[PDB]
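*Asks:* As a plain string of letters, each chain reads:
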Amino acid sequence: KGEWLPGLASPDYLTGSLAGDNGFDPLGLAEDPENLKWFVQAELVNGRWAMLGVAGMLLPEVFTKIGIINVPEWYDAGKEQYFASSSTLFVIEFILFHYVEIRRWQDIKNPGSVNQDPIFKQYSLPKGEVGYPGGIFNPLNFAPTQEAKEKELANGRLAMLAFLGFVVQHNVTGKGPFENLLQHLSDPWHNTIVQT
Amino acid sequence: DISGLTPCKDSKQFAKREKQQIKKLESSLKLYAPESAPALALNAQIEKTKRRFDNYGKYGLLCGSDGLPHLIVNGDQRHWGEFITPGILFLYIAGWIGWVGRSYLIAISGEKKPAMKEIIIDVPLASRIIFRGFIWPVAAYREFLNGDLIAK
Amino acid sequence: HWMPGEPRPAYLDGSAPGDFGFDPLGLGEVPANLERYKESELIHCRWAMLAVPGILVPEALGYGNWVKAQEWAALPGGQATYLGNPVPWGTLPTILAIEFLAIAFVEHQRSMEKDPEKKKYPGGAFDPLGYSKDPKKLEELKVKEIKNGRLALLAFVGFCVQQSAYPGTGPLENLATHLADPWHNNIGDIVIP
Amino acid sequence: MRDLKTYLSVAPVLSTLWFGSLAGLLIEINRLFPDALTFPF
Ligand SMILES: CC(/C=C/C=C(C)/C=C/[C@@]12O[C@]1(C)C[C@@H](O)CC2(C)C)=C\C=C\C=C(C)\C=C\C=C(C)\C=C\[C@@]12O[C@]1(C)C[C@@H](O)CC2(C)C
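Protein chains in written order, with the UniProt record's numbering: chain A, 54 to 249; chain B, 68 to 219; chain C, 47 to 239; chain D, 1 to 41.
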């Protein structure tokens with residue numbers, strides 16, 4: 054589709070048949086079709102996790118402007134006490150995610166081989182793409198046209214960049230992400246990465 | 068106290084070594100006027116020696132019976148900066164260099180006279196290849212998985 | 047299948063009892079090695095399926111766990127006990143002599159058989175109640191036997207591993223400890239300190 | 001000149017330039033951060 058840099062010719066292996074294809078591959082990671090097949094799924098999963106992470110880091114902090122709830126900032130939520138110890142929660146999360154990710158992994162190797170429920174054999178997911186399961190995972194039956202996939206990928210890339218910014222800003226500033234925006238909005242021409 | 072060693076900041080021999088070096092440096096200073104340039108150089112050397120000893124004291128090194136720092140390379144988390152991290156950095160840099168060299172060698176293998184491109188470097192091709200080595204681990208791992216790394 | 051979406055090895059057709067195509071390392075490619083491995087697996091399953099009843103019943107009756115019963119032999123002159131009653135022949139040199147002689151005869155007798163089918167299911171005098179009359183029931187019986195043996199092997203592995211983490215404690219003591227406060231007495235506090 | 005650019009791509013000249021830049025960078029790095037024995041970060 055569009056060009057990430059006008060005046061430069063798109064690589065041949067990027068034929069534009071994929072959603073969100075702008076011909077951006079200066080270092081040639083996706084020359085091998087198997088590598089491209091793996092990296093598409095990797096990007097999809099990374100973005101889908103990153104958007105949720107950013108939503109969970111930003112929104113539970115914007116409460117200060119509204120004063121509705123009281124929750125510690127994203128880097129202090131770990132130290133708080135909970136009804137169960139860290140070890141038990143970590144073990145349960147490991148046990149569940151092992152099964153979930155092993156089930157997801159098998160579809161990349163042999164598509165259409167994990168479409169049937171293992172206990173109740175009369176329940177199955179309708180056939181679809183590798184990274185787009187559908188069925189019960191799409192309860193509202195929104196049509197997955199190419200435009201929506203491009204929107205999803207753009208939002209995922211933006212959220213990856215946002216999470217990287219969130220991580221980097223806290224390391225050097227020592228505060229959360231929302232107050233950094235307010236500090237910049239206070240005096241824009243003096244509060245930047247150049248402190249002076 | 069691994070293997071009977073002691074911290075640098077608690078070692079008396081370390082302070083004795085620092086005092087001896089400072090005293091040796093200060094002896095030559097008395098031969099020159101305070102405003103003379105050699106006096107400034109000697110003052111800078113003394114300040115650098117003091118700063119080096121203070122920095123060695125701050126980093127939590129271990130001293131032996133002779134007042135000299137010793138390096139632990141067994142993998143203890145308290146001493147991961149002596150061997151582990153610089154080793155990983157060196158491995159990354161060496162892999163970058165090797166991958167760049169291998170890619171350049173492979174690229175020119177199909178030319179009519181490949182031996183001519185080895186003594187007279189094709190600068191644009193090398194420059195286009197140089198930046199590619201920044202992600203060498205991923206490329207190497209995927210090449211190994213696809214069976215391309217080893218010649219048949 | 048042991049894992050849906052994974053191809054089966056060519057030598058595991060799924061016709062043998064308790065066959066689910068599990069061989070990631072390919073240890074059974076050789077036809078001669080595979081035949082021996084079935085006998086070894088059956089022997090291990092049969093041996094482990096007798097230890098489990100003998101590892102919980104003595105503990106559940108208050109006679110001590112399974113590792114306390116071996117401590118007396120280290121002491122000099124220790125005498126064995128059974129049901130709280132010492133046995134006259136409980137001396138250490140007498141115990142080993144009967145144990146070695148008794149099992150050195152049965153195992154050597156088992157080794158001498160040459161028909162592969164009898165090395166796993168000999169039949170004959172070891173089946174007095176006649177459960178082998180129906181070939182149709184025999185296959186489901188073999189599947190039941192194979193399925194239970196691996197479970198007992200896993201149970202014995204758990205028994206052995208739990209002892210290392212909690213010395214001097216019995217498996218029933220482990221169950222009682224976990225039952226009281228499930229959300230803090232579990233595997234988690236051991237894996238991470 | 002094409003022939004002048006060709007002579008700059010010969011192995012000894014390129015090696016000399018690369019190693020000179022490398023040595024300058026290393027000398028400056030050691031000047032900024034002297035007496036380094038452990039990685040503190
Ligand atoms: C998944 C992710 C973040 C996930 C976060 C999650 C789930 C949760 C976070 C939490 O906050 C919560 C919710 C609650 C808190 O209490 C705890 C934590 C745990 C803190 C980020 C991904 C982030 C992913 C990023 C940033 C990826 C960047 C990739 C780039 C830039 C690649 C560039 C190129 O590869 C191209 C495209 C083409 C090549 O040819 C050239 C180059 C240039 C190499």
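Derived from the structure by calculation, the hints contain no laboratory data.
Please note that a few of the clues may not be correct.
Computed cross-link-like contacts, SDA-like style, restricted to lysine to any residue with a CA-CA straight-line distance of at most 20 Å [what the hints assert, rightly or not]: (1) B:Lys115 with D:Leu14; (2) C:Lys164 with C:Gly176; (3) B:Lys117 with D:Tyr7; (4) B:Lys115 with D:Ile27; (5) A:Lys90 with B:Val140; (6) C:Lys166 with C:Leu96; (7) A:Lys54 with A:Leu206.
*Asks:* Is the hinted pair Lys117 of chain B and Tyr7 of chain D satisfied, with a Cα-Cα distance of at most 20 Å?
*Replies:* Judged against 20 Å, a Cα distance of about 50 Å means the pair is violated.
*Asks:* Please work out if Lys115 of chain B and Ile27 of chain D have their alpha carbons no farther apart than 20 Å.
*Replies:* 17 Å, holds
*Asks:* Would the hint linking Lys54 of chain A and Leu206 of chain A be met if the CA-CA limit is 20 Å?
*Replies:* Measuring from Cα to Cα gives roughly 14 Å; hence the hint holds.
*Asks:* What's the verdict on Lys90 of chain A and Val140 of chain B, does the C-alpha distance respect the 20 Å limit or exceed it?
*Replies:* Violated, because 41 Å separates the two Cα atoms, which is more than 20 Å.
*Asks:* Holds or violated: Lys166 of chain C with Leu96 of chain C, Cα cutoff 20 Å?
*Replies:* 17 Å, holds
*Asks:* Would you mind confirming whether the straight-line C-alpha gap from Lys115 of chain B to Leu14 of chain D stays at or under 20 Å?
*Replies:* 37 Å, violated
*Asks:* Holds or violated: are the alpha carbons of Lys164 of chain C and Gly176 of chain C at most 20 Å from each other?
*Replies:* This hinted pair holds, its Cα atoms lying about 16 Å apart.
Hint check: violations occur at hints 1, 3, 5; the rest are consistent with the structure.
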